[PDB]
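Encoded as structure tokens, the following chain is the form deposited without the partner chain, with no partner shown.
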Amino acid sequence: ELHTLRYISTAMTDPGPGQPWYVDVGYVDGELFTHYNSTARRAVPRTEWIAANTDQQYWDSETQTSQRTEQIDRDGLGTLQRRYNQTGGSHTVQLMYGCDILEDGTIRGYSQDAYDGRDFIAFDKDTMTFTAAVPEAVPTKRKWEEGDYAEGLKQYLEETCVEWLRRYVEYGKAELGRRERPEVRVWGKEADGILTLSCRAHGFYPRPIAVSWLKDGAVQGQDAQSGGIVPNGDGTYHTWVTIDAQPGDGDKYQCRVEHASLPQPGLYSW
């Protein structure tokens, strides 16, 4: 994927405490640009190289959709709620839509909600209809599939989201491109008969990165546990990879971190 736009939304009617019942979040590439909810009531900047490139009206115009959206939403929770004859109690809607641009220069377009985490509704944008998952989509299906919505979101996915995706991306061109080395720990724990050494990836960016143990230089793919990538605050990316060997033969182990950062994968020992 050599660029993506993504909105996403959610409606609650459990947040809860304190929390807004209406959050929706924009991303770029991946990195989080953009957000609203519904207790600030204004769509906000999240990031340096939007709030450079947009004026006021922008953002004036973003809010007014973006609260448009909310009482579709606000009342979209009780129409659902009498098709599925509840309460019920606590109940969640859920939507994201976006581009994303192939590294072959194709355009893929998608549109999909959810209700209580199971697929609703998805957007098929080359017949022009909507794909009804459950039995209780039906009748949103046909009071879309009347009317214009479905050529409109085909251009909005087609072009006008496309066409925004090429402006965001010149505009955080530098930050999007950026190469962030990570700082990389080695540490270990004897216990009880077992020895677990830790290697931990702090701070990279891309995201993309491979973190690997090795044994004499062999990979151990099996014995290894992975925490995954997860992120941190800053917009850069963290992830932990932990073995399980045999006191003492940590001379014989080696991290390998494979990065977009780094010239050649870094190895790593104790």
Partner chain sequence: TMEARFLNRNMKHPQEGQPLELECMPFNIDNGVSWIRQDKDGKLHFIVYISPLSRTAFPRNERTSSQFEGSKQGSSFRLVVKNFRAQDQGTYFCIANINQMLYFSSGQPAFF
The other form holds:
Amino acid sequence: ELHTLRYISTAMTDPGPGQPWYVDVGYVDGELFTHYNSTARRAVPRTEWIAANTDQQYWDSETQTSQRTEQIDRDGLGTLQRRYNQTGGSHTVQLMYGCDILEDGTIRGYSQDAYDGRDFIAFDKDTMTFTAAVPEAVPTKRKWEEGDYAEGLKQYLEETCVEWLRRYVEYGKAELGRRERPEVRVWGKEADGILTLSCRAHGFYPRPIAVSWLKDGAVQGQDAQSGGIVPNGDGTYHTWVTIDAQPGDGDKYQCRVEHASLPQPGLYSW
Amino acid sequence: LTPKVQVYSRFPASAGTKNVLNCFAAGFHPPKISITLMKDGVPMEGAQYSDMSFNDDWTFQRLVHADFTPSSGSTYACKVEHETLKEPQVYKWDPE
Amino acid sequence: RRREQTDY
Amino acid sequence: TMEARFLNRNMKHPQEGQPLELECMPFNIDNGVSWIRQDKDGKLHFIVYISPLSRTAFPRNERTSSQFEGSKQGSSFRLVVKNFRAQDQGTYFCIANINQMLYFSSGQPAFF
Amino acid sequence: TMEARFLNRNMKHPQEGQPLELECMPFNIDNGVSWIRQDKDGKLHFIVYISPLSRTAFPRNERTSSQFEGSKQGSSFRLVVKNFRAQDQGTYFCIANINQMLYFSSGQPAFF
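And the form deposited with the partner chain bound, for comparison with the form deposited without the partner chain?
Whole complex next, starting from this chain.
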């Protein structure tokens, strides 16, 4: 039901060991499907359903767009660096935009930019305006509210974005609607009289998962500690959840895993 | 803020079965980061770095992974270097 | 498809 | 940083006998949230918990309500009072329990 | 059910610059609780979580507080404001998360 198209981009004065300074990437339903960077200079496919359904003119046009935006943000880094009266150092421009078709069937679109990791300027589609988060964004707002660029952005986020999302979702219907069952391992360690149970779910897809601990049949809302959902290197996901207990109550805990690839929730023990 | 680091295998480890070791760092800033997979203090080879990405709060993330065959009596870890840390931090992997 | 941007 | 609001940004007060949609965008959506209503007196009422799989749980342990609808929509959590009446007046909060810590969204007043 | 309170019920107001001990009677004492404070504004603040192992969890994933103490003793839960200031005024509530459902104590006002 839910489908998402999202493009994000980062320009940095200090990209770090091994890194290009400009990188923009796209995701469909959470899945990285296209990539561009300032070293390769070319927008390239990243899945097999986008490559199988795209010509070269698509990729050359995406590359031209990405080069235009690469120097747009090259200029923007210097512009903001001395707009803040800064004489070098570590600075970052980030942008993220896209559209969502939600589970009730309505559409939403968004676009927002950050300087140095904090909200810089956001798009209020409805007002066709640009809300400034900092004084230094009152300038950019004006530059972005002249001409019809705002209306073009609205029309992109409401029409172009959503139909390209629909087409991408059709291209990869088999791959994105796939389901991978996680394997759950329950482990245990005793430290200083406290027994700590770990529950690890390896290699599940899609990303939405609900892992809970249960003590004598009841979910331990406030006692579980989790590392969140972390990615595997292959399009699958991982998560671990720990809980503390007294040794001797160790066999009353059950790890319950709720995931789309399970018709019934998985119950696992130590 | 400082990176939050997790070290985990792609499959539950069993000595002799091939697997992938992953070190994931999230929630940090600036994007500059150094992440290295090590076995017995030596950098592992065939290691790869995911592209630079961030989440909804603008905080950045990187995944580093390497194919490997786990061996007990050999320790696997991940070395992280970031501006917000005075010194490198090393995260041990638990084979479980 | 990516969208076009303007200068900061 | 997290805040609950009317899904309609024009709405200023609920209306008697009719549905009211509230909404809350958590900073992290790998976790469910809980909707609660606070009276003006201050008593807090649990309404529903919505899991990251758009799984909803009301008082008793039920998943079915005459009186509320919960759902996950994109990167948001949604509460619907199917027929808003006087008892449903109050300030509506959204609550995320992540890593044994509790996070509270901004309250949304809902009075006739 | 649950009540978060003054451990001295003769006490009617906290005292400036001195520790203030609140206490909490759960319906079930096999579960931890969470202490919260509600402001004058109405804003809610997470203070501490106390596990059935008398282990607490402070904001941004800690167990170190130079201004609060949590623990559970006998059949009750304890919150201690080490040095109660005007900064700490508000209504103190207790929260139990059982089976993904939230239970709220009645609440204790704490104002000078």
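For the two forms, the rigid core is made up of the largest set of C-alpha atoms that agree within 1.5 Å on superposition. Residue numbers count along the first chain shown, from 1.
In a rigid-core overlay of the protein, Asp14 has its C-alpha displaced by under 2 Å between the two forms.
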